[PDB]
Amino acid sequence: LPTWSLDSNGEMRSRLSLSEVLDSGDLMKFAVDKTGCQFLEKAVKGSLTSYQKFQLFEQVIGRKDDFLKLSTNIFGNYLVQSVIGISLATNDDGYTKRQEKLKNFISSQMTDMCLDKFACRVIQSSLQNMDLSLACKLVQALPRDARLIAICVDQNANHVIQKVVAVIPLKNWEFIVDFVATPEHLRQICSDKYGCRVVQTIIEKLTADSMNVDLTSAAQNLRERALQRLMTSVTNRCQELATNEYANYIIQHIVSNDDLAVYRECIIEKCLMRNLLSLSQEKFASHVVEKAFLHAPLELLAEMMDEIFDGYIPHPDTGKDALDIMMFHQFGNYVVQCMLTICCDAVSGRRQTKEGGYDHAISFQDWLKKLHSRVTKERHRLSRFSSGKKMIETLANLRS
């Protein structure tokens, strides 16, 4: 802090004016100091004369290097965002030159700003507050090489991509969809803790749900094609995705979203069906198998049930079948609990049995009798386990 702005206690003076700081030439010293930036943030929200704004514009967002210095500063980035807001609210003759400049500054340093913990915040507010036509040019400045992968999996930069998805029309970021759908890119991004959230955010935006009814038909068509291309890529790798520590959340999202019903069915047929016993025994994929049972169309649900009850040959020596392996497995037990719950819900009316013009009620009764007969026969062993006790309880509590 400048000596002129300090007392004899070494602390920043009180009754300090915004014009004193703007005139001094010392703004950069205040903006990167906690207390100094704290004063500027208050001063900047008040009534500003034309000249005060003019000076903030020139000092905070008028020169590339000071702008970068502040944007990437722990305290400075807040002043930059405030001044960007004030710039956008000030429709004088210099409006367009200021906004074009800001667009140039950021564009030329897009990647580095995105990856910066503080500058990514400047990017994000610019994206949502700038005129749409200028915000779209910020998106064009995104990298198209390995740097985009790095952006998607970065703890800071992933929020930039998510913001783009939120406030920019699809045409401008359609390249990100195609980038992510590329087989090797999808693999890397989906199997990352930040990247899998980015991919789901993209999927949600590409879904024709209640939040997209404002779209024109041409825009819905554009959305559908992009969805279709991303989903094709996801389903081509559903096996790797469903079994992965992070990507399983994506597969669960698709499987349980009614507005993605056609893709849910594709996934079930592509990697789930015929692998139910195997997958039910995996730490990550068992959650996906539960989702499938819960949201499958009744025709596929019947196939899934039939696979568990009669899809596998028992062990040649002991007589242990798929249901046996599953009821006692550390992960598979949750899938059996899920099958039971579905049947009880159906038979007690808590779940719609009509679908495909016909009533599948007797199928549910059939599956329930199977489960009830097994649990009755194995009650002694099942009562050793929390999961077993839960099933026994469920069956008795349905009779009541």
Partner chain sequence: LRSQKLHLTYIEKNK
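Between two forms, the rigid core is the largest collection of C-alphas that superpose within 1.5 Å. Positions refer to the first chain, counted from 1. First, how it differs from the form deposited with its partner chain bound.
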Second form
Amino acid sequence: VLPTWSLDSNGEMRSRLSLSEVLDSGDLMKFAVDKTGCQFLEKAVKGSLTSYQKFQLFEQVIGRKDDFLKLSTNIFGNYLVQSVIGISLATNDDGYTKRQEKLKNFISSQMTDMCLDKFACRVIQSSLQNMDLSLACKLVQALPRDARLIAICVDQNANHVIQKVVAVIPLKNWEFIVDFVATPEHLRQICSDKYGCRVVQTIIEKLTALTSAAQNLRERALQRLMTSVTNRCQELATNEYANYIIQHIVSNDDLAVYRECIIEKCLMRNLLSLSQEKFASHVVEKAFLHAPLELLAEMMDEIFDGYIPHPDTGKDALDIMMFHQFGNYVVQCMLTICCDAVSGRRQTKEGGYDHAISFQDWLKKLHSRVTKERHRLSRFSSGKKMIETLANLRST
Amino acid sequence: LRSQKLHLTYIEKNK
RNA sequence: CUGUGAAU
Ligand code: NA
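Can you return the structure of this protein in the form deposited with its partner chain bound rather than the form solved without its partner chain?
Okay, now the whole complex, with that chain kicking things off.
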């Protein structure tokens, strides 16, 4: 692949080559797609470069559209493209304007194709981070607004472009992404994706973390996304990937109003069923761990006295969860909460009133059930941990 | 540990 | 190790 003039007598690339010899040869495209040749160019562009050496790099790497795309989509050449882009942004000569303008036109015309490429998406991410904000926003304007935005959110490579936009681009320029994902036909299919749920979570985290107009923009975008999530949180909480979205909302104190809505309208009256779900049981745990004490008392009361026992065996909701493959983790969560509160590791005061007696009452009911079923529980690692948890508390 | 989900009839808060 | 999540 390498040109013959650059090879030694054995056929390998000549050691100690000058960067100027590669630039003046017209064979840079061969070096940039070769593992050894591109490692050479990567180190060369790290040192000091003359004025014309920079111009030669600008023209041969990011100056011609077809060569720029070929290197951006190459396993090796994409590193050189990012380096030359960085050098181009750090060189404030007279040609600075026309260079970034041509770079913008190259990326914008092939935005989606580069986003979905394993290597070209790195060029886009490094561009968004380092370019002029005015030029980086024009890359954002090249993102598709139609159904092709689904492909970008759920793609293994392109999803990292969206998350980079969320991190460094002002919300005004990517509010259309919030509107798109919040649409009912798009929320469940993106939140339930392995990579799309990372996009949604990153959007929520950014909208949670200037002017009153900027705050109004941030609040209305978060409100729209939260409304869509709460409207489908039952399907999202039981989902393999979307359950992380519900957990993050319940676990975030800055989203308190939405946590109580999820607890009030989705988890209440369904605690026994959701505790036996592979994915929703993690959501029930987070709800127990972060619910306000008034709602936490209603969750406790539902497990203890909210279900009619089995007319034959007499086992209630606590019995079913305690011996379920997933429900047992919810019971362990309730016990740990009560033991932490009694021993002074969890908050029991709200409104200037100490609710420690409520945690003592729930602890008594949990402790009495573990005692009643200690024979069976001592054969399970989950039962052993409940027994050990109560043993530590009675040591004190 | 059980793998199948078991349901019990819900009881309203005011009942 | 009794139970789930990102591209050189
Ligand atoms: Na575990």
